[PDB]
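There are 2 protein chains.
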Amino acid sequence: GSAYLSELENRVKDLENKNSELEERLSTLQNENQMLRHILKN
Amino acid sequence: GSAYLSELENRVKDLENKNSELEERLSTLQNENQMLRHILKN
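Chain order of the listed sequences is B and A. Going by the deposited numbering, 29 is the number at position 29 of the first sequence; the sequence numbering is gapless. Going by the deposited numbering, 5 is the number at position 5 of the second sequence; the sequence numbering is gapless.
Worth flagging that the hints you see were computed from the coordinates, not collected in a lab. A portion of the hints provided could be inaccurate.
With a cut-off of at most 16 Å between alpha-carbon atoms, the simulated EDC-like pairs for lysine to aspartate or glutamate come out as follows [stated by the list, open to error]:
(1) B/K18 with A/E23
(2) B/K13 with A/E7
(3) A/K18 with B/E23
Which bits of chain B does chain A cover? Going by a derived footprint, with three or more residues having C-beta under 8 Å, they are [to be verified]:
(4) 3–13
(5) 16–22
(6) 26–38
All C-beta atoms in this analysis are idealised placements derived from N, C-alpha and C, irrespective of residue type, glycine included.
Please build the complete structure, drawing on both the sequences and the hints.
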């Protein structure tokens with residue numbers, strides 16, 4: 001509990017940080033996807 | 001708490017689901033972008 005809780009929400013601070021990371025990578029891959037599409041259509 | 005303690009394990013579950021979902025989208029785009037690069041490429 002005391003160590004469960006600490007490590008439980010310890011886990012979400014980690015899960016949220018990981019989520020932000022993934023979101024930033026996603027954004028980058030999406031921009032690349034769209035620019036490639038634009039280059040190819042022209 | 002009880003309310004608090006159910007909301008951290010729940011937040012861990014949702015974060016896990018969401019982060020696993022994000023990893024799939026990442027895989028999808030990496031695969032589409034690699035193909036688009038090959039097309040642009042050759």
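Status of the hints after comparison with the structure:
{"no.": "1", "hint": "B/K18 with A/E23", "verdict": "holds, 11 Å"}
{"no.": "2", "hint": "B/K13 with A/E7", "verdict": "holds, 14 Å"}
{"no.": "3", "hint": "A/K18 with B/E23", "verdict": "holds, 11 Å"}
{"no.": "4", "hint": "3–13", "verdict": "holds (count 5)"}
{"no.": "5", "hint": "16–22", "verdict": "holds (count 4)"}
{"no.": "6", "hint": "26–38", "verdict": "holds (count 7)"}
In summary, this structure violates none of the numbered hints.
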